[PDB]
Amino acid sequence: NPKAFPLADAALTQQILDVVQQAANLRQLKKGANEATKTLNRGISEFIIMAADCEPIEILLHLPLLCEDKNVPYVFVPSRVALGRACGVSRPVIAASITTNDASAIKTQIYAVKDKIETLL
Amino acid sequence: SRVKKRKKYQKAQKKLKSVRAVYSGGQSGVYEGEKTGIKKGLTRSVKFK
Amino acid sequence: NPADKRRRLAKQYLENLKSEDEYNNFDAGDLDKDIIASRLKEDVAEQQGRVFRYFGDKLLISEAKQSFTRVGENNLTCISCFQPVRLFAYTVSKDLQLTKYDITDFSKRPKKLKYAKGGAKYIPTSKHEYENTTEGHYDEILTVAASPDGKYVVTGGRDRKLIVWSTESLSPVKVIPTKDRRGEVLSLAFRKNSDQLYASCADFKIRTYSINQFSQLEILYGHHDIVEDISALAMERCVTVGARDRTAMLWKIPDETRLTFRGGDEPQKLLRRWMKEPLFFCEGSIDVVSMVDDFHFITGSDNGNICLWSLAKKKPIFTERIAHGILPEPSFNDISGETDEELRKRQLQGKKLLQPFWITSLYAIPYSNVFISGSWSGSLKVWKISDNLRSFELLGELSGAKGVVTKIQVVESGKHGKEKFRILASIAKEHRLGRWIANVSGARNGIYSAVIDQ
Amino acid sequence: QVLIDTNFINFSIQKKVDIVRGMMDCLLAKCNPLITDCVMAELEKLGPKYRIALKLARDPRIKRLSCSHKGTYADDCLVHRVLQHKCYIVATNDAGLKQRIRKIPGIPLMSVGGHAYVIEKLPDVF
Amino acid sequence: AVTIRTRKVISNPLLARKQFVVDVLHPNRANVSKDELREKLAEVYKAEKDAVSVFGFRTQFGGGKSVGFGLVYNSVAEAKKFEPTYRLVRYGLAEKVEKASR
Amino acid sequence: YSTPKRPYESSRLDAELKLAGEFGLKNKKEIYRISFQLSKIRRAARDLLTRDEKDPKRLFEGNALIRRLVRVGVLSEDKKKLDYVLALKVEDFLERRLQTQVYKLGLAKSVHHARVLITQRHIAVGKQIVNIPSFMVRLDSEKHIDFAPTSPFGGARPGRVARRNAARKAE
Amino acid sequence: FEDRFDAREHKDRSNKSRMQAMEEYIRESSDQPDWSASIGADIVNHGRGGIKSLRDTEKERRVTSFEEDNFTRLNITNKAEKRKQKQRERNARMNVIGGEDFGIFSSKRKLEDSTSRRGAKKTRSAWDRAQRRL
RNA sequence: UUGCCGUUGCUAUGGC
Ligand SMILES: [Zn+2]
Numbered sequence: 005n006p007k008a009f010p011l012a013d014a015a016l017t018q019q020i021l022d023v024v025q026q027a028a029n030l031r032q033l034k035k036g037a038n039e040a041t042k043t044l045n046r047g048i049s050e051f052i053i054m055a056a057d058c059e060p061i062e063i064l065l066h067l068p069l070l071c072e073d074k075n076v077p078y079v080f081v082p083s084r085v086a087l088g089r090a091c092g093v094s095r096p097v098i099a100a101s102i103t104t105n106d107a108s109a110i111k112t113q114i115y116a117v118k119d120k121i122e123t124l125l
Numbered sequence: 561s562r563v564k565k566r567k568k569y570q571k572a573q574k575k576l577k578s579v580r581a582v583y584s585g586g587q588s589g590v591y592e593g594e595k596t597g598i599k600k601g602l603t604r605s606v607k608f609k
Numbered sequence: 058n059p060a061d062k063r064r065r066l067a068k069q070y071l072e073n074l075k076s077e102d103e104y105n106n107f108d109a110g111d112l113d114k115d116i117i118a119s120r121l122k123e124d125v126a127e128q129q130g131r132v133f134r135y136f137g138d139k140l141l142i143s144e145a146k147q148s149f150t151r152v153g154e155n156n157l158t159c160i161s162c163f164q165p166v184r185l186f187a188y189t190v191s192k193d194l195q196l197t198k199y200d201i202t203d204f205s206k207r208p209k210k211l212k213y214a215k216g217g218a219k220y221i222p223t224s225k226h227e228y229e230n231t232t233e234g235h236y237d238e239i240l241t242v243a244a245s246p247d248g249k250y251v252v253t254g255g256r257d258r259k260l261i262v263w264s265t266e267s268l269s270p271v272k273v274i275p276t277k278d279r280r281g282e283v284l285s286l287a288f289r290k291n292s293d294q295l296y297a298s299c300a301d302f303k304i305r306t307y308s309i310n311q312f313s314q315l316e317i318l319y320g321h322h323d324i325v326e327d328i329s330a331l332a333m334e335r336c337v338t339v340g341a342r343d344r345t346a347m348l349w350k351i352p353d354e355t356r357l358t359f360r361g362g363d364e365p366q367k368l369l370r371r372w373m374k375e394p395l396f397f398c399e400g401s402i403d404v405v406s407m408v409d410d411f412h413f414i415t416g417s418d419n420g421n422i423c424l425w426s427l428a429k430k431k432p433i434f435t436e437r438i439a440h441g442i443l444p445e446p447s448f449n450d451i452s453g454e455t456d457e458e459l460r461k462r463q464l465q466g467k468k469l470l471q472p473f474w475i476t477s478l479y480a481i482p483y484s485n486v487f488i489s490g491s492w493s494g495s496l497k498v499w500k501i502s503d504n505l506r507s508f509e510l511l512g513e514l515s516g517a518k519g520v521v522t523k524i525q526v527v528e529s530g531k532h533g534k535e536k537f538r539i540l541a542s543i544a545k546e547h548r549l550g551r552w553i554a555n556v557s558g559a560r561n562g563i564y565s566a567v568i569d570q
Numbered sequence: 064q065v066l067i068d069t070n071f072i073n074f075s076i077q078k079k080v081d082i083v084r085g086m087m088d089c090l091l092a093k094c095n096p097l098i099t100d101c102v103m104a105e106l107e108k109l110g111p112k113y114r115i116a117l118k119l120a121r122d123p124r125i126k127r128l129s130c131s132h133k134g135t136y137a138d139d140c141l142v143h144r145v146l147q148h149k150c151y152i153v154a155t156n157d158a159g160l161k162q163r164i165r166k167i168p169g170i171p172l173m174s175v176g177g178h179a180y181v182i183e184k185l186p187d188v189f
Numbered sequence: 004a005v006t007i008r009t010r011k012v013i014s015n016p017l018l019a020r021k022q023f024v025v026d027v028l029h030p031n032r033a034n035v036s037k038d039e040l041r042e043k044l045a046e047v048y049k050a051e052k053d054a055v056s057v058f059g060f061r062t063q064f065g066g067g068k069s070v071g072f073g074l075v076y077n078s079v080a081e082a083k084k085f086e087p088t089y090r091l092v093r094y095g096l097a098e099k100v101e102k103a104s105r
Numbered sequence: 012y013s014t015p016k017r018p019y020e021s022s023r024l025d026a027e028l029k030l031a032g033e034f035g036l037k038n039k040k041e042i043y044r045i046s047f048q049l050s051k052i053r054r055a056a057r058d059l060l061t062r063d064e065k066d067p068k069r070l071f072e073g074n075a076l077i078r079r080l081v082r083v084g085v086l087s088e089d090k091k092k093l094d095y096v097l098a099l100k101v102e103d104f105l106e107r108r109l110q111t112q113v114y115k116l117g118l119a120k121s122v123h124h125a126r127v128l129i130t131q132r133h134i135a136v137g138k139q140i141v142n143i144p145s146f147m148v149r150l151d152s153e154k155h156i157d158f159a160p161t162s163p164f165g166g167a168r169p170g171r172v173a174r175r176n177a178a179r180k181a182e
Numbered sequence: 224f225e226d227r228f229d230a231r232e233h234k235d236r237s238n239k240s241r242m243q244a245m246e247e248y249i250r251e252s253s254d255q256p257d258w259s260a261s262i263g264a265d266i267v268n269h270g271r272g273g274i275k276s277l278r279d280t281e282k283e284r285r286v287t288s289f290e291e292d293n294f295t296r297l298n299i300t301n302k303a304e305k306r307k308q309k310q311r312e313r314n315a316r317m318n319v320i321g322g323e324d325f326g327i328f329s330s331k332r333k334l335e336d337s338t339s340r341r342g343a344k345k346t347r348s349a350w351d352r353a354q355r356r357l
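Protein chains in written order, with full-length UniProt numbering: chain A, 5 to 125; chain B, 561 to 609; chain C, 58 to 77, 102 to 166, 184 to 375, 394 to 570; chain D, 64 to 189; chain E, 4 to 105; chain F, 12 to 182; chain G, 224 to 357.
Treat each hint with caution, since some may be false.
Cβ-Cβ distance ranges computed for the label pairs, FRET-style [stated by the list, open to error]:
id: 1; chain 1: G; residue 1: 310; chain 2: F; residue 2: 180; range: 50 to 58 Å
id: 2; chain 1: G; residue 1: 310; chain 2: A; residue 2: 104; range: 43 to 51 Å
id: 3; chain 1: F; residue 1: 123; chain 2: G; residue 2: 284; range: 55 to 63 Å
id: 4; chain 1: A; residue 1: 107; chain 2: G; residue 2: 259; range: 27 to 35 Å
id: 5; chain 1: G; residue 1: 236; chain 2: C; residue 2: 59; range: 28 to 36 Å
id: 6; chain 1: C; residue 1: 373; chain 2: G; residue 2: 259; range: 34 to 42 Å
id: 7; chain 1: A; residue 1: 72; chain 2: F; residue 2: 180; range: 55 to 63 Å
Computed cross-link-like contacts, DSBU-like style, restricted to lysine-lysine with a CA-CA straight-line distance of at most 35 Å [stated by the list, open to error]:
id: 8; chain 1: C; residue 1: 68; chain 2: G; residue 2: 333
id: 9; chain 1: C; residue 1: 249; chain 2: C; residue 2: 545
id: 10; chain 1: F; residue 1: 39; chain 2: B; residue 2: 577
id: 11; chain 1: B; residue 1: 599; chain 2: A; residue 2: 42
id: 12; chain 1: B; residue 1: 600; chain 2: B; residue 2: 574
id: 13; chain 1: D; residue 1: 93; chain 2: F; residue 2: 154
id: 14; chain 1: G; residue 1: 309; chain 2: G; residue 2: 344
The hints are simulated quantities; they were obtained by calculation from the structure and are not laboratory data. A virtual CB, placed ideally from N, CA and C, is assigned to each residue, including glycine.
From just these sequences and the hints, can you work out the full model?
This is the structure:
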């Protein structure tokens with residue numbers, strides 16, 4: 005067991021990154037570590053994606069404890085660069101969060117990814 | 561015909577707050593309190609058989 | 058066996074549809114249409130041109146004259162060239195400057211001629227999407243395209259404009275906005291020997307223009323992510339690739355129809371295929405194209421794939437999995453923050469977070485036997501496609517280009533059996549769309565020219 | 064998921080309707096039929112005239128619940144476990160049980176009528 | 004600014020003619036503007052403006068494109084010979100009215 | 012379309028109340044039309060289940076039905092089984108219409124704002140301006156629902172109210 | 224007896240057996256692409272009609288090919304249009320949902336009777352089926 | 001050979 009433990013393999017990683025890109029287009033993604041912990045303590049979050057290769061790792065390992073407290077799925081993508089590119093911004097991000105919405109046109113996709121990463125976790 | 565069903569559904573989902581207790585979306589800001597009262601005598605839970 | 062029964066019943070079905102070689106084999110409608118074919122005109126643009134320049138193993142590779150002319154522009158982004166039937187080249191940067199070069203002095207480095215630098219002066223005084231008719235670029239010029247006849251260069255970027263500059267003076271003759279808020283252009287390609295431009299805009303849209311008439315022909319829709327690259331030849335077909343939908347489409351633009359080609363490599367079946375006796397996996401995002409001829413093309417992916425596709429097969433014909441290597445893993449003095457090397461090594465998880473270089477530039481020489489791939493591995497790769505057109509293979513490398521290769525294209529010289537080319541490649545220290553790129557390992561913002569011979 | 068009782072089974076066999084196939088072409092959905100232990104106790108207590116009905120209720124396609132009470136009053140058991148939970152269709156032909164079930168709200172009621180099953184308080188049948 | 008595209012250009016020597024299909028492109032304009040289209044066609048091909056003709060115009064839904072049928076002649080006299088009289092009334096010079104009785 | 016069996020029971024009335032209010036429908040005929048053809052769809056899929064495995068009808072019409080249901084978009088890509096066609100229902104069908112989709116994509120503030128945007132022609136999927144609200148967008152036309160370029164909520168010239176107010180304030 | 228020239232037996236029928244489930248499976252397992260339109264270009268009356276079905280866009284492509292091929296507009300011929308356009312659009316809004324026709328699932332027509340289960344290669348001998356396999 | 005700056009060559013490199 006490493007610190008960044010529940011890492012996803014390549015198929016789950018690309019499923020995660022595709023729904024991250026679609027939520028970023030639909031304004032349902034809060035990107036960055038402290039925005040992610042803000043939306044996590046506010047409770048509007050469906051799952052959090054941490055990238056398992058940033059330059060420290062505890063910098064985002066603070067978030068699994070918060071997700072565990074509030075029972076939110078969390079998953080580790082192995083590329084901060086690809087995560088930022090999926091988020092649609094011109095920088096690497098290390099953590100992102102899918103906020104809850106019921107007037108959301110990708111709710112089935114988000115729920116399927118939640119089920120996959122929760123059976124992983 | 562469309563605005564009538566817009567305004568009899570708004571009436572219906574305002575009546576639904578009376579019969580059930582509707583999940584409004586969770587805690588908005590700081591937890592202020594129950595804002596309406598706490599009854600220590602009433603138990604609104606379904607007993608079995 | 059249900060799929061066996063499906064295949065069997067489909068075979069019986071096709072046999073029955075046939076039901077509902103002799104010495105005489107002539108069909109009246111076919112020969113009548115062939116009489117109309119003998120009657121018609123314009124066997125010029127619509128050549129279904131196959132690969133007629135078979136010269137991959139012929140020319141030299143290992144001793145190219147490689148000059149990396151460094152320029153003082155932050156993050157060069159595109160390269161456009163020109164040959165008539184003196185040669186000029188064009189570069190453009192993230193510093194909002196277009197720069198004209200002369201390149202025809204073949205044995206030496208290119209020569210700067212003229213700047214054209216937009217800036218904060220060109221921000222429109224409206225913030226209103228159809229009075230975007232200014233005369234310069236105020237944000238992030240992403241692509242240049244020279245005319246096949248050479249009257250104009252046409253450029254555009256994240257300011258959702260197409261500015262068409264004259265060649266002889268680098269002056270903006272005409273401005274055409276893309277009339278909506280997300281309408282950033284990402285790739286431009288003229289169809290060859292023409293005046294028709296194909297721009298690929300991030301509205302999942304492809305706009306087409308006639309430049310010498312200052313008119314827009316046709317807007318054509320249908321990708322699912324941003325159309326990251328475009329490619330065209332002398333035919334009125336076009337080939338675009340959207341980024342994350344992992345499909346490449348090709349467009350009959352007069353018919354406004356398309357052929358889609360999805361990817362579809364899975365590490366489950368691929369690791370089983372290796373398990374019959394290994395760090396290779398699925399696909400991120402198809403990124404770059406170049407139409408090699410009018411029956412085949414090649415795609416550069418996000419997991420370092422280079423794939424070769426035909427016009428007659430949905431799934432790709434040939435793959436090449438790792439084309440520029442896998443990236444150097446982040447150091448133990450920059451992963452963890454513990455004290456001991458054992459825990460800082462445990463925070464690498466072995467091989468699980470090694471990510472491959474992604475091919476950020478691909479150029480097929482038109483109708484030829486050889487294409488060039490480039491990323492930030494430092495070394496361009498040259499590949500030739502086999503003469504049966506079902507595979508390609510690495511010839512050699514061009515290792516004098518330190519940085520990301522934001523553009524590759526070649527410039528021809530020499531006659532039908534003796535040839536020499538200079539491969540231009542725009543080199544930056546930052547990807548042409550966003551930043552995202554750490555470990556800048558000795559990169560410089562320059563033009564890597566190579567002179568290849570024979 | 065549909066709770067069966069004894070007169071629904073008897074009327075199914077008297078009208079020659081299969082249980083799971085009659086349920087499926089009534090609702091146009093996939094059904095899970097449930098025999099409570101009190102309905103099974105009632106079918107067994109019906110005697111050796113109803114052997115056909117008992118060993119058609121003994122069917123692996125018909126799943127079965129485990130009621131935890133004294134006595135075998137299936138109408139009480141069905142009414143209690145449906146007004147507790149509201150995730151059940153009640154298939155019945157008793158007039159009294161039909162009136163109880165259609166007086167408690169949100170509970171769809173299925174019944175043998177004619178030569179196939181009918182459903183009433185389920186508002187999405189077509 | 005209107006835009007022009009010829010496709011499938013064949014030659015009819017029996018009718019001394021060259022014929023083709025005409026994709027006419029007018030983004031943010033109403034329609035084909037047929038006389039201006041004959042001008043644009045007569046200048047993209049050779050001169051013969053009273054020998055170029057278009058007849059079959061169908062605009063697709065939402066505007067922009069329209070497919071027409073273009074036929075261009077040499078020799079305006081033999082164009083007058085070979086074209087029909089209603090199209091000559093529409094575009095060129097001929098005008099003979101029918102006798103209105105019964 | 013066709014009317015239901017018992018059209019006036021209170022569960023059906025509260026059903027239609029929730030459906031018309033949650034999806035901005037004008038009358039009962041929207042629900043009844045889309046439910047009539049859904050009834051045909053899963054009445055067919057019931058027969059495809061009542062025949063056996065390796066039946067030619069079941070194999071070919073089953074994968075045909077689930078593939079064109081996935082391409083309409085009411086069925087996701089991974090559930091390629093034929094019992095999910097039975098689990099399908101009416102709001103899975105009228106979440107696919109253009110009014111619902113315009114509101115969910117966020118070009119409008121409610122389903123009624125979406126209905127008036129569609130009927131005032133500010134919405135175009137792909138190339139063509141769609142102008143009826145009950146359109147049933149597909150899984151490939153799901154991402155090209157945007158504002159029409161002929162409309163002031165796109166980038167076009169502003170309408171008559173805005174330009175008349177600008178002219179009168181210029182006077 | 225004697226021969227008699229039968230165009231109904233050397234005419235290309237190919238439509239008694241053209242079933243949409245088999246054709247859809249062939250389009251799935253075809254391994255060559257399918258010429259689909261740019262996505263807005265195939266809806267018809269701003270959505271007042273359907274999208275258009277695959278048979279309708281095939282027929283439209285045939286009509287425009289014949290159209291350009293011999294330079295003639297088709298017409299508003301009353302009997303054929305009052306049959307075909309009105310009956311076609313009414314069964315289109317009946318059975319075509321979102322560009323996909325679901326009319327076939329509501330139609331009794333046996334697949335294996337006409338379109339499968341080969342009649343010429345019926346192999347009514349043990350030896351003929353043995354030679355057809357090997 | 002450039003936005004600066006260093007080695008420079010009497011041309012190539014490397015730090016922002
Ligand atoms: Zn019981």
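Structure-based check of all given hints:
1. G:310 with F:180: 50 to 58 Å: Cβ of residue 310 (chain G) to Cβ of residue 180 (chain F): about 56 Å, so the range 50 to 58 Å holds.
2. G:310 with A:104: 43 to 51 Å: With a Cβ separation near 49 Å, residue 310 (chain G) and residue 104 (chain A) satisfy 43 to 51 Å, so the hint holds.
3. F:123 with G:284: 55 to 63 Å: violated (40 Å)
4. A:107 with G:259: 27 to 35 Å: holds (30 Å)
5. G:236 with C:59: 28 to 36 Å: Holds - the Cβ-Cβ distance for residue 236 (chain G) and residue 59 (chain C), about 30 Å, lies within 28 to 36 Å.
6. C:373 with G:259: 34 to 42 Å: holds (37 Å)
7. A:72 with F:180: 55 to 63 Å: At 59 Å between Cβs, range holds.
8. C:68 with G:333: The hint holds at about 18 Å.
9. C:249 with C:545: holds (32 Å)
10. F:39 with B:577: OK: residue 39 (chain F) and residue 577 (chain B) at ~25 Å, within 35 Å.
11. B:599 with A:42: Holds, because 34 Å separates the two Cα atoms, which is no more than 35 Å.
12. B:600 with B:574: holds (26 Å)
13. D:93 with F:154: Status holds; Cα separation ~33 Å.
14. G:309 with G:344: The given pair, whose Cα atoms are some 42 Å apart, is violated under the 35 Å limit.
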